[PDB]
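Trainee: Residue strings, one per chain:
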Amino acid sequence: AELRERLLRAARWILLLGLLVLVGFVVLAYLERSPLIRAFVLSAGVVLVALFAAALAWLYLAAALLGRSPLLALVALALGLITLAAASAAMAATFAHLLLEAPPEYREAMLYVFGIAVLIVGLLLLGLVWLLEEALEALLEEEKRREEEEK
Amino acid sequence: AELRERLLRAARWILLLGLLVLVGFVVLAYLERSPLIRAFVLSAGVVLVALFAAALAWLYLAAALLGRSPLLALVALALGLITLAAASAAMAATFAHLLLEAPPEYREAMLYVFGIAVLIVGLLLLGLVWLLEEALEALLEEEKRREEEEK
Amino acid sequence: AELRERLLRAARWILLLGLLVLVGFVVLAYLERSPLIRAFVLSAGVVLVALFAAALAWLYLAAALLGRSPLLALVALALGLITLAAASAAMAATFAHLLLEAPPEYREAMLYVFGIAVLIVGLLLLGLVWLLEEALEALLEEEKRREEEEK
Amino acid sequence: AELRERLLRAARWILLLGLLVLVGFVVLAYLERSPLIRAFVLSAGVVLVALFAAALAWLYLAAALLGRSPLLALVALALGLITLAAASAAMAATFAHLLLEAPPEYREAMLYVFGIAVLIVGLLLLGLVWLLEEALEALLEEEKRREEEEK
Amino acid sequence: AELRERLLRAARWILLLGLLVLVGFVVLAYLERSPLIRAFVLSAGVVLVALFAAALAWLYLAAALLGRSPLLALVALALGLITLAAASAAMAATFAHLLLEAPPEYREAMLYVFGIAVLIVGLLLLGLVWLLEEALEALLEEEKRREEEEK
Amino acid sequence: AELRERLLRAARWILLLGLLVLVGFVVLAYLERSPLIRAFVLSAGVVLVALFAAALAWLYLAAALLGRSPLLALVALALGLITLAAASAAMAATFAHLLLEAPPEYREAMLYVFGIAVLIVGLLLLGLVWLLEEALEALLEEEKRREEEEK
Amino acid sequence: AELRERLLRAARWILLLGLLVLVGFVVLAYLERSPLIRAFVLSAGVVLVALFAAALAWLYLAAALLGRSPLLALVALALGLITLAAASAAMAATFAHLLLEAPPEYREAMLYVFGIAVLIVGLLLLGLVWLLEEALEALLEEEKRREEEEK
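Chains as they are written, first to last, in the working numbering: chain A, 1 to 151; chain B, 1 to 151; chain C, 1 to 151; chain D, 1 to 151; chain E, 1 to 151; chain F, 1 to 151; chain G, 1 to 151.
Some hints could be false.
What the hints assert, rightly or not - No more than 27 Å apart at the CA atoms, straight line, and that leaves these computed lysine-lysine pairs for DSSO-like:
id, chain 1, residue 1, chain 2, residue 2
1, A, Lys144, F, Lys144
2, D, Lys144, C, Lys144
3, G, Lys144, F, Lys151
4, D, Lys144, E, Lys151
5, D, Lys151, C, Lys144
None of these hints come from the bench; they were simulated from the model.
Turn these sequences into a full structure, and let the hints steer you where they fit.
Mentor: Put into structure tokens, the structure is as follows:
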């Protein structure tokens, strides 16, 4: 019963975090000396908020399914977390590949952005597993409720 | 009940915004000194309106499902928003990669187009989450109506 | 009731437009000085008619579903429009990438073909949204008919 | 009732056309001066017959579904035509990209093969839309028969 | 009734043909002067037998479905043939691309292997369409049996 | 009955292992002399934990399905293991390709990270097959219970 | 009835074979003079065991479906074999492409690893078709049992 309010709050945390990420990216892109670096940090910030919106949408999808079937919601949440993790790995590999292809003069700035981007990946991964763990935590109660019902 | 009219209006905002985006792109491509830049800004404008049409189609798909099942519509809207966000990230990465590969002489103009394109991504992302938030806002009423019905 | 005849006419417009596009492409490829340019304009014309046939097939698929369920037809039409828009963006990005990779001597001719190709993309996009808008316009009547039926 | 015989004949036209295409490709590859050109024309001929077999298989799939549901057959035929068109565009883009990457000495021969390949694409596209138009032509009779049945 | 025995025999022809293909590839790779050529001919032979096994598996899948529904088996066989043709085109394009990228000294040997590989593609394509034609040939009897049953 | 507790413990092992992997990666990235190497080891550590989270999510998905159908859970677990193995191979090939493309000066450090990454792949593969073997081990009991039930 | 025990034994053969493959790969990577070669042989061994685990999982999936429907199990086994063959071809093409891109000094060692990898592909292909042939062999008994039942 308390899941649905938790899911709404979790989306607020994600949306607020995404606003901070783009604010920081805009600050770095405000006066970056390299136009190529300006696009890179802007794309990294745009990629970060895009996956954050996808994570919020995935959480909302699980919440929508929670009102009909709890077993299906857990499966849907697990599928959404796996899809989010795979997409997060996709952008990390592209960012790492771009950083390796960057020139040594710009690679110093690109690696710092890559480290900041890696922090965003870690924050997204930590939030996803924590939300998934809480989501499956109620499944313990859902299965226990079924066990109590048959008693 | 007020969702369906809201969805129709939201499509009008998207279509009107897409017309402005292509109008601005046509102005920049009207007399651009570099033929390669002409294709780049035209493709960026064509990409922007293409995703805008996809976002409008995704909103209409959720509206169509809203007339049958509200829970399915919310799931469909969340899936459409995630698909739109993933596609938006795809074009942003391609645009950023092209900007990094652009020559320094053209990179100054390419980065300005990239910044304009990034603004379109931000506008699309902001509109998608706002529309999704309003769409799930009625789900609060939909669940409350079910709770009131069982009372 | 008037949708099905409209869909048949819309396919005739698309097929007639595709014939004009390939006729113009054949005229440019008839005596182009560069063999590489000959393949490029021919491929661009072949790509344009291919998506036009796909758009006509997508419209026919919606018309076929219109005879069974109107809600499903609108969803299918929206899905087909999104798929057509995504495919149209795919060829535009490839054409833009090829134009940027073209040599400066040929880039002048390639950019003109790219601009012509961009016009085909705009014509296809404008036709798709107009057809989709008319298709969902009947959904207003379909929902109104259901509302009148329950009265 | 006359569709099924038409589909069988249409496959015979496609198979006979594919035999002519590979016969012409074998003639050009019989004594081509460039071993790279020999592989290119052979692959182009192999690609042409491969899609021709796929088009024949797609037509047979629609014929198989025609014996159970006419509405499903039209949808399946439209889906098969779209898939064939997308695959045809895929090989055209690859052939065009290879032609642009060919050396100027071989590009003269490669462009002639590209033009011949483009003719095969046009023949396949024209046959697919003509077969699809005939397939949906019976849908007019199928819907009219249902209208006559309810009268 | 005679289909199932035919399918078993057809797999035996494919497996026997695959053994001959790898035997010939092993003979060429036994004493090839170029280590790069050794990997290329081995991969081409490995690719040929891999698709041959896939074709045999696709034929067995149609045979398995033949014991339950004949209409579904024909659709499954058509889908398997299309998938096999698409995969066969995929390896042909990769082999052709590798041959074009081969050095002129090795391209003479690579083109001969490409021609041998093209023969394997033709043999696989000819066998697939012949097996599919026989498979749909019984569909004529299956539909005729239904027509005779209703008489 | 003891599966569900085993699945919860297995996730704890995976999450604890992932924390150790990122801790080791952070130690190597804390003072790496090459900024490109810093991104590479960070991406490798981020990739390792991402697949570990996916493996934990896949295990939880099988546990969720275990409460409804045991046969479906085994199929879902097998599908999840195959998907995890395919994704693990994807990152291994990318890491191996990047290591081969690394310069000889950095390749010495890159190969050591590749060997460490290969150990993570082996640990993930060993854990996945061991968890799958235990999961199918209960299927022996599930089938035996059905056999005992019919007795 | 004897299939299920055969499937369990077949997995034991695959797992034991995979252990031998990685043991041999570890021996070659223990003292390889080239760090790039060390990653290549390790990745090839990791790829080999990964597909072996996938093949074992595919066999277990067919065994799980064998307890419910024999016709579905044969279709699932055929689909799994086709997927395994396609994935096996994917790694073979990547390995062959990497071998061709290897420098001549390392290509001698890379080709030997490629030949060893090709042997693993042949062993996997031979085991898959043999297991599939045995799996469909019981389908002969399954269909014969149905024929005997109706007698």
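Trainee: Does each hint fit the structure? Answer for all of them.
Mentor: Results for each hint:
{"no.": "1", "hint": "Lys144(A) <-> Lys144(F)", "verdict": "holds, 26 Å"}
{"no.": "2", "hint": "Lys144(D) <-> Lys144(C)", "verdict": "holds, 26 Å"}
{"no.": "3", "hint": "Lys144(G) <-> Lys151(F)", "verdict": "holds, 26 Å"}
{"no.": "4", "hint": "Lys144(D) <-> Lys151(E)", "verdict": "holds, 26 Å"}
{"no.": "5", "hint": "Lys151(D) <-> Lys144(C)", "verdict": "holds, 26 Å"}
In the structure shown, no violation is registered for any of the earlier numbered hints.
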